[PDB]
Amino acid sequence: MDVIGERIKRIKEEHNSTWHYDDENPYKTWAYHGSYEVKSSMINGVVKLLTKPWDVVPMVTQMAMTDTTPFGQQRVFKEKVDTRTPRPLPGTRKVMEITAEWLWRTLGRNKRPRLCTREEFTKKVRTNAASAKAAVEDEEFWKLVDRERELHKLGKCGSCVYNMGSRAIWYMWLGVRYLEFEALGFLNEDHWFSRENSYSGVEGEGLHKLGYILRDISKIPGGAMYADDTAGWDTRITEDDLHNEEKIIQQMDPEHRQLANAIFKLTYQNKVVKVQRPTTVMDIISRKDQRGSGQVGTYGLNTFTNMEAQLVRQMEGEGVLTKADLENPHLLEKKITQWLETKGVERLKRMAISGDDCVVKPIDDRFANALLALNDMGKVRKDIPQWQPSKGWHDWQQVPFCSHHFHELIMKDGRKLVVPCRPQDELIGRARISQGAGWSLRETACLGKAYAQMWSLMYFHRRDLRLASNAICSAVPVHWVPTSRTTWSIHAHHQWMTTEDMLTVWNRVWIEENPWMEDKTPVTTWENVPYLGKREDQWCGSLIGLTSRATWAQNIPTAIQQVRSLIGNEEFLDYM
């Protein structure tokens, strides 16, 4: 309470109207403080019309239901988030500590930690929105930020709360996120987890490059390629991991260390969380041993903790760590350090890690059964008995990573592409969703265009998607700019948010600026841009071959014209 008490007192005093201690609260692993009272999805008509066959598809239908109400916020909360991860064994705790140290040193070999700024935060906020904008322009916002910073320098914290008249707390939230960005932003802003700096990371590489990266790993001699899912990663982050993560502060300057120390000790290793629940109230809870997913640095810190954990699993697999070692309070460091120094970077290059998502090609398949450390650390795998060996892949094109798998294509001119793919229903289902309500047909059309153009660059190889994309582009006016973002994914670089010729953009991404494309001959026509094989298009969810799809394909200009006539008397272009 000596840390969180000051934040507890302010929310108490602010909402003392309806403040109380409800003894029928469902919080067993979280510490509960109090509560107070406070106040399906919409469909993209343009995309829907132009994808009629997928009206009668379960996965598309399922994606047309969002559970953003407080009913759903508690539904999945207690299952994973209200649980305790047992403390790792002394040996495991030492190994992690050594590895973390070694890893932090390796990452900061060239780069240097530094504070991010008001100007950077401002620049990002503006470009993103293209309400927080209003707060950034407000000078009194930044004055409040300074106030809290002085508290943070003093080791205290007053207003930094986390969420799972209104502008007051809205400023407090945004201000709290800036202070994080200030202290820990550099990890993201200076690209510490770029593949060049991290070896295993893929920050700033982009979806289009991920397939090429995995193919490169497959060339590395060793065992199979393992991509194990962790059950609720952010919930499995221990107190120990947080102690390992903060070791980064050792490379910071005094004034920067100072601020980062506060962020770690006061908002990560302790956290006062707001969570909404029907009875409609807001419960105030706190704990020390999990990740605040909405916070800044999360991706960076997950990537780090995962990199470490996999190196440790690799060590176990290689027979460096035994059961006895993990149990040992007085485990010797020599063999670990030796391993890290001689083989560490090599073993990092065998991995592609983005947050809790990982792919690993160990030197052999002992890794598959090396599960002592992995389970002991807390990173228990999803939907598989704790001690059952992992299922690896012998073809990199089967390996799942960042919600995708990847295909190697052969173009008509002999050159080879490597493209991202996933079930066609997931892509179409997502496209048919529009965000929120009160959207005009123009705004609805431009989102459809955004999605249509994303498919042109990333999923062009899917026959149905290319057809649907050309249909949407035909039905939507030419000079209308794609507005709202198609995804929040960190791997999306948003090359489709443009009114430039998509074949020109395609050429830029896949030929021109593609390090793996040696011959830079321009592809002059979409006829030269390849698809997957028919059978693999079908295996990944295509409806090519079905009558209904042939009907849809045959009757598509009629539907385009209907959308055109409802949009109005504008300038359209045909892409059929």
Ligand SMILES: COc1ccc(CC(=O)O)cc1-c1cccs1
Second form
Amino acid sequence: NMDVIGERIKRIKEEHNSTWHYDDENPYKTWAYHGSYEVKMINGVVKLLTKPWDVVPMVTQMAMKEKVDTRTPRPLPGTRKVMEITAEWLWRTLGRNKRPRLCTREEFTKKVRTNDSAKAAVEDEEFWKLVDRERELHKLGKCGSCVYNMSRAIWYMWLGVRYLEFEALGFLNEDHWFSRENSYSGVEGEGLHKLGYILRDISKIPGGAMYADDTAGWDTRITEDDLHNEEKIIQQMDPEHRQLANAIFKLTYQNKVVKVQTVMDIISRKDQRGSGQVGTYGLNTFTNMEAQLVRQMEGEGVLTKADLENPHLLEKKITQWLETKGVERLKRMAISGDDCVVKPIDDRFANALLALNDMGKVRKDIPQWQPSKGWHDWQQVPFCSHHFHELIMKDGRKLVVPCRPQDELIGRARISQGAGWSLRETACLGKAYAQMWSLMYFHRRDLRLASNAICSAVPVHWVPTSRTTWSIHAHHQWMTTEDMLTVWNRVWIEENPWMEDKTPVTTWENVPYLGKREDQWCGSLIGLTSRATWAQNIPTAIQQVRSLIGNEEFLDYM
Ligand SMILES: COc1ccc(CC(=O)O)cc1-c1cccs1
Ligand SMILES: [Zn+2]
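Alternative state: the form deposited with this ligand bound, after the form deposited without this ligand:
Time for the whole complex; same chain goes first.
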């Protein structure tokens, strides 16, 4: 307990003698409690151009620790042996061609400069001086400020912990360990436009249905056993690298100190997965791959209830299954953190729930022992929040595109993050959403129309600033003043590995829409008179926005 986290706790309490009290009214049943201390907008452009969505409930809803505080039952001994053998095989497989390595101050500095306000932090040598400090400490087996939360110098300590984590484990993302080519099941770096093609390729594999089971609170279900298995990547590092990485796992993952928000609370726990940590996506992806392989093994009859309870379980059958079929089984899945799609060899997988429940990965909103429902159409499978619709262009070429309920897209676009933002900043974020819709959601009639209206409304030279999403699947091709059709051709034709015919598309007229029935099923307002009124009266609203923005140069895209 205290040896590992004590120093971290002492600095906060000593620094906060101004108000350090122990509350006996603290609601912490699972996390350890140490003490606490006292502490202290709609996007108008988009809203004006989407009047019909002013009513829609999902749009209004978006404008406006209960699960974290639980314990996960320890997995059984046989399960623990199976997870261990599987983790060792997977880590060796992921490391077959790549070697782990330390990440550097330069790499981290360059990432920050192109992604706030830590830019000022990385430009000051004082920041790097303290980092050299937890590092000497993180190297002797201790950390003193390496803590996380759920114009004060405390910010430097937080950013410092993140850099130290990046230095030790950033190579998983920086060297693409979870790319599809390296990991087989991974989709890191593919991007949203490619996920649909990946599911369609998965559907070609012979087998049973496609399963996409959601886990309830995945981060809260990461056990002490999962963390031990995740740490096995350490055996592949160089001694200098092994020392720092071991420090990150032992002192910040296997032990943690957190701050929650009026007053602030200091709590600690030896399990669960940290919120903002750098290795979270990669470690979650690795653990999900291991669990899904284990579920496939149970599905094939390789693992039984007796095997899960057996403390003296023999490795040979697991090693043989992994060695002869493990890569093929990995190839049947698309896994991004807690999102997974699995196409097992047959439908026995639907009822293979002993190991999955035993590892703590309990499926959300379904009785624990009810069989999973699979899909026979890859187009109905949900993954990373999306539908993947397959489309035929007028020229006969086929595209695979992503659908999501239209109210979710319009609702997000209508929200600006942060107050005190000028119209120019607001118009630019609107342009970013509009251009994102042109690139990814061009097949929705309402979004293409709203997209044309926003771009007509804002000055053509203006550069979209601010991100429309934090998703790891977003490549931000829409953050540009380059012609969107040129970008569309580059993304969907030129750089598209699934498009053999490279003939460019010269007009938006040749860029297809979803079928009218499907567009309506996915939330389109097309066919309602209110939509027709909006479409007819859109130029008037565009002129209204242009007049408020001022005398700048605009283009008509209707
Ligand atoms: C898997 O891709 C996503 C998942 C979720 C979301 C919603 C959000 O994060 O704001 C957006 C996306 C993307 C939109 C455009 C390129 S990625
Ligand atoms: Zn530390």
